[PDB]
Amino acid sequence: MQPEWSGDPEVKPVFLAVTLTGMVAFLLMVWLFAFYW
Amino acid sequence: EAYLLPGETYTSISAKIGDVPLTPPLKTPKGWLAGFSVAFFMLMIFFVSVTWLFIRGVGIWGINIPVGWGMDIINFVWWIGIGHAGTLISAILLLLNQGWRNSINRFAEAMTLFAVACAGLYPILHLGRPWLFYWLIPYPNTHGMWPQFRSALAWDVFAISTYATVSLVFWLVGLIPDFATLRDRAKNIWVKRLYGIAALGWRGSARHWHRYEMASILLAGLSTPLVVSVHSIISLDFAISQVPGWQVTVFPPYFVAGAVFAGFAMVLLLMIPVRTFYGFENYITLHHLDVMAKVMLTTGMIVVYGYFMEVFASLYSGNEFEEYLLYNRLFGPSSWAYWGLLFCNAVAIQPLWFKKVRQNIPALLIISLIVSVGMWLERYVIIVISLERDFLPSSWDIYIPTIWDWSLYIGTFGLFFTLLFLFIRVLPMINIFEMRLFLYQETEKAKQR
Amino acid sequence: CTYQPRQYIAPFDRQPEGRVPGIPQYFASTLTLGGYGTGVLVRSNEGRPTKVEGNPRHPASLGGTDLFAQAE
Amino acid sequence: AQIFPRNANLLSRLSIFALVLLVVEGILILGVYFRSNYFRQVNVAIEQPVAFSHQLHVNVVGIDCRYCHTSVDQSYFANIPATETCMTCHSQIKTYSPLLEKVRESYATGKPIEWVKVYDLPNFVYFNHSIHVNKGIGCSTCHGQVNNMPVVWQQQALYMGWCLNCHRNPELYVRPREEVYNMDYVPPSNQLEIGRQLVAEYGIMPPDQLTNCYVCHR
Ligand SMILES: CCCCCCCCCCCCCCC(=O)OC(COC(=O)CCCCCCCCCCCC(C)C)COC(=O)CCCCCCCCCCCC(C)C
Ligand SMILES: CCCCCCCCCCCCCCC(=O)OC[C@H](COP(=O)(O)OCCN)OC(=O)CCCCCCCCCCCCCC
Ligand code: HEC
Ligand code: HEC
Ligand code: HEC
Ligand code: HEC
Ligand code: HEC
Ligand SMILES: CCCCCCCc1cc(O)c2ccccc2[n+]1[O-]
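Protein chains in written order, with the deposited numbering: chain I, 1 to 37; chain C, 16 to 464; chain B, 76 to 147; chain A, 2 to 219.
Just chain I, with the same shape it has in the complex:
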């Protein structure tokens, strides 16, 4: 069956917001724990 938010125009903006937050936090943690010294 379809999900609850299927057909909502905010779904792909909020997915890009969550993935952008995840990749920014991942790159920032990588910078602090590998390239900071």
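Note that these hints are calculated values from the structure, not bench results.
Ideal Cβ positions, reconstructed from N, Cα and C, are used throughout, including at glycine.
Certain hints may be false.
Claimed, not checked - Here are some of the chain A residues that sit facing chain C, going by a computed Cβ distance under 10 angstroms:
#1 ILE4
#2 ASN8
#3 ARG41
Starting from the known structure of chain I, fit chains C, B and A with the ligands onto it as the hints suggest.
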């Protein structure tokens, strides 16, 4: 018998379960007040013991050079093994399609969470440098150091963290429509938001119920091998060693069986006062006590089989260290633990075959207390006696526990009972849904004849 | 709060002649048990005795000592 | 709708998002604090009772580093100099001066000059200056340009990982063993071929041997 007594409706189930929480604090029972006062006094004992341990050292205990693991590790395995039966009722009985989980799983999973909370401090408490528990965790540091990951204590880090996290997650998932029921049944407008933000607007939707049932099924089918792997890893933190009492390969299913044994002992020992002090005779029944004692008898028989396996290994081996392990257990300075273990785990389970003893309530209470004492004695026999006498006879000494590890044990009992009394105050002891669903299923069974 | 305290250092006012700072230095002394002395090579780390060894040139030493000379 | 208002859904989603961001920010703040230059005392001019000027005494006066740190090529401990070594020249230059008043106050009594240890290793680490100097590691690669320092600062934190970086890849930092005391030496454009050549020439051990625990700790 039956797992649900006749004469119950959905609104009666909802009222009779959710009216023990949501009462005003001025109407709190004096029995709860006395039990919480005892629990808070022993929690003060916990705070005093932990403070003196952190001030002075782990040398306030009885541990020494041959016996480096003592009552701290005995109580660790005991408290972490209490939670296995609650995880079994929450997950394995959901997998097996057993209808008696619906009235014991909330309290049993809460007991699992509080027992894991008591047993997760014990690594940090016994650690000797307690503030460096995070060096066992794989974390990024400026040294470039790693945990070894070949030791079983790194597996214990991962297993205890995963067990606590997934148990808390599954308990909260099982609480979310109970949170909705409490949010609906509350009276004050400010305690509506206490359960409203924890229910997240559940609505009881049939589209939401499909995803909920699928998530509960997959969480049960992930938490069954989770709990077996956690208790296997807690077996492995002796079984990967070369110690003659510990290099025994039946330890992972033996520790699984011992944990389920002690867990249902504690579960029965805490259902019976809850059943006789709250109006839950219709929900927690004599059939529930009978089948819980049946699982106690089965798992205690598996632990007796594990004792026979260890005795067979000692007699079958030509190894002098296995032979002296058996001799030391039978006629050593700590043979009281082995003999009391044999009485409390072999003699005391032969009454549980009998139907009248299985149905009897004070016999069940006495048997559960005896099994808890004998399981503490089992963990004493596994750890302390095997560490006392080792390969080199020059490195032999006796482990004598002090007053401080006993005080820490009494204090973790108080922490467990404090968390349990807080749980039975602010949360329902039994699941409001899945018991009205159990009532609907029994109504459908009666309609199907 | 910092990683460490200040950790002051204290050099000499006049450097010793035959001493290199950081190199432990061995001196041939004699330790007596019941009046009978035995030759010992006692190690001076920074001008102070820290470890007693044996003197291989010495008759009652031969490089090895006893527990009393070790605990001197 | 019965209890919570219209914006409660957005408020709850933003609360979950802000809680995750707050956990990440707390972990980040803890990591930055434990790696910070203030915590590790890096790039801060640590004040001395005399305010001795390495920049003057090397780039201007021209004193060799072994004149004052006499034990750096022979023992683990680079020598903190004596008041005798200071007064060897300062019996005539700039006498009766209030900034050399502490040095003149010493050498008359036995009281030393209590310098502050800028490069302080935590006493389970056991650095050896002699083998590092004799195996072609210059002072500038590990202490910085101390020849231009008026007040000595820590150029880097003495991390275990920073030590193991050169113990695992020494060819990026090895130098002809005759360019160790030269503060004007810079590594060449390529430096990798000659680093491997110097590692093979000086017999520098593999990273397994150099990353053994009892190399440093004890
Ligand atoms: C020596 C190492 C051994 C490795 C052990 C691996 C066991 C892990 C199994 C997890 C349970 C998932 C079953 C879900 C489910 O409930 O299945 C439903 C059907 O519904 C579905 O469509 C499935 C839902 C999603 C399943 C995806 C699972 C994700 C992958 C797991 C990640 C693990 C890693 C390693 C890949 C009905 O089926 C069942 O309910 C059957 C459940 C059987 C329980 C098994 C009990 C065995 C206990 C022994 C444990 C052994 C120790 C070593 C862990
Ligand atoms: C405890 C550690 C190990 C756990 C492993 C247990 C297996 C869990 C996953 C298997 C699921 C099995 C499929 C579901 C099922 O058939 O069981 C439910 C079943 C039928 O119930 P109805 O739907 O018909 O309704 C009845 C009530 N309304 O109920 C059962 O009969 C339970 C089946 C017994 C399982 C036997 C497993 C024993 C494990 C032995 C391990 C070996 C030990 C060696 C030392
Ligand atoms: C990088 C591998 C280094 C080189 C090359 C040299 N030094 Fe060093 N120095 C280094 C460390 C890690 C430390 C701390 C040691 C400790 O136990 O705290 C030091 C310390 C000094 C000191 C203080 C006194 C001492 O600990 O010996 C001095 C005076 C010093 N270093 C000077 C010095 C000079 C002049 C060097 C080039 C010949 C030199 N060091 C080499 C790191 C390194
Ligand atoms: C002879 C080679 C010297 C040794 C060894 C040390 N110092 Fe020196 N110092 C020397 C000169 C030629 C100068 C500059 C004189 C000028 O006119 O510019 C200095 C300078 C100082 C100063 C500054 C004094 C001032 O500017 O008035 C100080 C405080 C100082 N030196 C201290 C000092 C110490 C403590 C030394 C022992 C480690 C030391 N100097 C060595 C000559 C020499
Ligand atoms: C005598 C005139 C010196 C010469 C030549 C050099 N240094 Fe020195 N060094 C000297 C003193 C009196 C001190 C302690 C006071 C201070 O300012 O730190 C030092 C200390 C260092 C240090 C700091 C080590 C520490 O205390 O943690 C370093 C890194 C150091 N010296 C390096 C160094 C180098 C590379 C030099 C040659 C260019 C050098 N010093 C010359 C005295 C003298
Ligand atoms: C690169 C600039 C280095 C840094 C940073 C550190 N060390 Fe080092 N170390 C380096 C070399 C080229 C060698 C030579 C050894 C060889 O076989 O070539 C060493 C060796 C040591 C030793 C000697 C021990 C042994 O060789 O068995 C010690 C005690 C040592 N290093 C200590 C040490 C410490 C504690 C460091 C962190 C402050 C450190 N070194 C950093 C090069 C480099
Ligand atoms: C010399 C090249 C080292 C080797 C090999 C190892 N360590 Fe190390 N250790 C070294 C330094 C310079 C430091 C200080 C780090 C700092 O930030 O100041 C350390 C420190 C540690 C620590 C931290 C101690 C503490 O914070 O209390 C640990 C836990 C440690 N070292 C462990 C460790 C182990 C187990 C090693 C062998 C695999 C090891 N280090 C190698 C220098 C060196
Ligand atoms: C963050 C979770 C870490 C808590 C668990 C630590 C693991 C851990 C650490 C230990 O030192 C042990 C010593 C004896 C027995 C078990 C042990 N466990 O499990």
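Hint-by-hint comparison with the structure:
1. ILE4: Cβ of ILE4(A) sits 5 angstroms from chain C, so the hint holds.
2. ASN8: Violated, because the Cβ-Cβ distance from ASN8(A) to chain C comes to roughly 13 angstroms (cut-off 10 angstroms).
3. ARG41: holds, 9 angstroms
Going through the hint list in order, the structure does not satisfy hint 2, though it satisfies all others.
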